[PDB]
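Okay, so here's just one chain, in structure tokens, the form deposited without its partner chain.
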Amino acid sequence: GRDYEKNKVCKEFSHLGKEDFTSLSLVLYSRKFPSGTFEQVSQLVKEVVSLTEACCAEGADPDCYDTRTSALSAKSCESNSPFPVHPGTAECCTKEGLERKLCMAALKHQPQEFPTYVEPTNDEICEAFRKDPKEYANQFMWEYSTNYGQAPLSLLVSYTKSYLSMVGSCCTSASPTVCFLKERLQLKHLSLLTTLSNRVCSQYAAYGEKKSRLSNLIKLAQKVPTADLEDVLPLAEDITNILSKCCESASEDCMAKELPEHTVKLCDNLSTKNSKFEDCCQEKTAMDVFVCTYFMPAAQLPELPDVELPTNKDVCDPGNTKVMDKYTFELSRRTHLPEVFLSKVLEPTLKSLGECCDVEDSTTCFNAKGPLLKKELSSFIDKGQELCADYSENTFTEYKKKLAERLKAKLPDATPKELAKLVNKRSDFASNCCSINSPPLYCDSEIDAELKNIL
């Protein structure tokens, strides 16, 4: 049948060469399997390349590819398989033939919300490079790609190649320190683009377009609570659109090309709205402006007027979210609660209001759920603020001390030991889910568990 893939591979193999093809494959599979060990991914790459070389060789077999492939898939199905697998793979292996290749081909991976990559010292880099340059390069490509796998493949290929050229030059230099200093500066732009794109796209992948859009509106409102809806909404729309496009594009510079115009609109709109945005807008490059905008913490929210839940039929136009957006914006600008919490409760809430539009009697429905939703919401917010109490306005060590006192009030008979464990568990939760850029997937599950916690 269609040997589309067979040809695409053979052409790459021939065009790039076995070595460069192996490297490309290492990066590709490393971003595909974020939790795959260096050993597993290397093995998979070995067998993939080994079958490509054979199946593409003159006088192999009309169907060498499919045969060798099915063999790989079969191998990833065996217990203690040498290959890395995606969650739910075991399920796919209970099926056969058709379902097999299809089921597994569908399986996708989650983004890495906790990167652990840390560039070693120049001394350490060169020490490992000289001992075994091949191993160094392989381990680096695997580690970098599994950590920043949501950045585009071509970008990861380009940055890792450029990084390894730098290590190659500077570690054979008579003046390593000077060489590294100079080269890192030249790669700085590419370095930031890769981590920046991986992070924003990991969040986008975790939320999906609708929740990402709402997420960006919430964050923007918490950063400039003194601005008007018309100041931030367009910006929230714009970045979401940029994410929808670049995070799903194979182009290595899609993000680098979209941000310049985005940062112009953001600064034209916000540079005079508050001090933090004026500072961010004084950054030298667009990426630097964006990055600054990104790390900006939720500002000390002004206690503006209360905002009533939109229990009106005017929220029934699917092609119109103006009333919902305004509500979101207004609730976010005044509530001291992290976006990870707000995004979580606003989804069910705003939806619950939906199950009241197309019904026998709307006004009666809205007035029926109104108190119910309002009650649930305040409860969620209250508990969320309690869970994150004292975390924002204190150092971590001072936060822990105030936390201990709070816990002592609720647990009069608790021993120092058990109080220590609770302080540890709670401060640990706060350090991960009580800030503006807390990881959505990790916190979603942690928040559910904490919300039912009596402490």
Contents of the next structure:
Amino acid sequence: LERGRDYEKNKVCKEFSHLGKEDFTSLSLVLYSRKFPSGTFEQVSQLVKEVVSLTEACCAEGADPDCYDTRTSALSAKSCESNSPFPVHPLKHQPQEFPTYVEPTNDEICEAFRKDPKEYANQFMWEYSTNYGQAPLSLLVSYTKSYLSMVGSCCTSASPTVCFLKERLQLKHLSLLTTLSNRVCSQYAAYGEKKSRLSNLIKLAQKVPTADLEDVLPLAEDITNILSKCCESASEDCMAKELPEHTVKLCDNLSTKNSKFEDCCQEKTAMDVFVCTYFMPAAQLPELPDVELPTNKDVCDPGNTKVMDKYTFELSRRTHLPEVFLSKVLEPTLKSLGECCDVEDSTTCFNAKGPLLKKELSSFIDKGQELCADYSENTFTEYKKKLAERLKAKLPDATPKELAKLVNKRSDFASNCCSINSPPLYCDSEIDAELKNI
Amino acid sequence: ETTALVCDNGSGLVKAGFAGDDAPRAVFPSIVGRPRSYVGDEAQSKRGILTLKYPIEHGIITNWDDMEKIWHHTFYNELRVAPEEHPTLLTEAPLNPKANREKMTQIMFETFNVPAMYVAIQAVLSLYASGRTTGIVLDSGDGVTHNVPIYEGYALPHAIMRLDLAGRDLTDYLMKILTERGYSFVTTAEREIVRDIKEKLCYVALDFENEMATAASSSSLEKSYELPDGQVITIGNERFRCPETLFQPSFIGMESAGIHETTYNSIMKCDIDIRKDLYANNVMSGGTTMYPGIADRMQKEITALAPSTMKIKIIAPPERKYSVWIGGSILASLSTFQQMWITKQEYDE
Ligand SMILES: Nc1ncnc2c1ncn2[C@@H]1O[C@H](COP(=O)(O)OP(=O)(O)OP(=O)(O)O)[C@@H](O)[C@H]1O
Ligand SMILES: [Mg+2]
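Coords for the form deposited with its partner chain bound, given the form deposited without its partner chain:
Every component of the complex follows; first up is the chain already shown.
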């Protein structure tokens, strides 16, 4: 059944009366900051002021039944004015891969809170929400509320430091759920379901390369299912229930596969385990022979998902390369290999496309391994030293100035795109540009 | 009783006390003296008629029989308590072997009969002492120095950096350079004298090179120190050349990176989205971070290595010498920590 004409209006009106103008304003501030990650505090606050204004008036028992329609329409028109007071999209708000929000020291927090409680609370909800806005709305509302409650009680406590430790430990579960859901949902948003599923399988393969496909494939699918369902859900506890539940399945499956997972699964709480497994770097890949692309048959025969997942798993667990690189070349490669099945002379298409893709893949991997050379096996300062020595030998001609410049650009690239959790959107475009230099 | 005990077993000093207190009640040298037996200060004062051994090296327990002697002394002689009556929180160095933790636990339950206990990571307790659960700790004591990045209580194991240079090496270096200046410090007694000079007169120069130039002439940096026999000596640039070794390990022939670089490298092993929270919560803990000027120098060095738009904040409280113990005191006192204790029941299981 299709929702009634006044679904939206009646939905908002209900939450306004149920929460109260103050709590409704807080809800709106979080909701719109989340919607416009790039909006300034001024812009978002003004928009929220208008929204709350029309909501209060248009929801009044006995108010113009058509009040909400126009007021909201005029609001959208007011956003048209170039350089309007409201924030705007270029619709779609890109995920924030580089949050800049920094929590002040306990002393700074309390001084600021004492000077202007209301301003402090609004500024916090705005800055936090615009930085971690991909986390489900319900988690953001709950987290900011609990955080502010902690600030209120601890700053006026007889022993602030003790109170802060106590409340931060109690806030831990929710803090992690909020921060982690923002990150995995940001990567899901950037990738889309199909690529997210591939990426997650790749990361599991690198973390536990000694496992069987049957141990990791269901885990990759479960996390993908949870993200497609819970990230943009309005449910008040989709993510809060699913994430922790995923952690139990992860440990039941991998707690004995290697020392690192055994240690992670010894953590006391579900979110403690998730954080440990999320931050876990790729393991040292065992040495194994090369893996050839799937045969013409295994590619064209109906129901090939398992064959492709297995290839993904086999290639990932033996190829020393970051996930952002593997995900980037693996999807076009498998897609192209499948373009052959649609032709009358499939075999002919395979004899010319098979060798071509095999070389394009080997090449990509080689250029990627060069771009990330020495990064994962050394401390950063030591890595930069070996880089300078490698580039010098490669460019005996370059001046000291030029070499220094190259070292800085390459090491900067590596510090951003050669790790297991490198940012997908940023690295996709950076890898393209950096590949043309080799 | 109902008061939990907190014991921070350091390479050089044992810090022990009761949960809830703002400072350790007992602080003594982690040494055991055999007749050629005593423990702590009494062993040091009688070192002439005994042989000294240090059960803890580089923060890791290496001699269990001697460690039991230190713990027994801590409970009965220093704290004057009966172990059987108090839950006990112990500390361990970052990356302490699992088998080590297991042995500590076994000894506490079977030898001392404690009713409950817990083993916490020293660096994490230093962070908790400041009422935070995320940040990077530079912990430098008498035998070892570590950088430990922590996110909501979880210390990232692959990002932990360890520098085999600490207080003891700084004392030996000050002895060396004071000797090159004309004085003579070689005996064990003279080593204790030098340690006192180090703790009282050394400091970290903001700009090492410039400070060296300033000392080359003026005496505005020189200070006097009265020896036991009353002789008054002068300490000049040795004041800041000593701790400079933390930033330049080459001063003692070590090829390793200095503490500003291990801090930076530690942060770089962490995901890009949480680095900002490490840079903004860099905690210093331990006796070897007590040098005046060290925080400002670290601020400067890290700023030069990090992105220009990164906020750098160094947290170095006046009581940081005991931050580990203090963090343990607060943690062990939390109502929500009472479920973390490993009970004797659960152990006999
Ligand atoms: N004010 C001070 N300035 C410089 N060094 C100091 C100062 N006070 C103490 N120290 C040095 O700190 C060391 C004692 O610190 P600490 O108690 O933190 O070490 P520890 O816990 O015993 O050992 P570790 O943690 O390395 O195992 C000694 O080398 C001591 O000389
Ligand atoms: Mg210590």
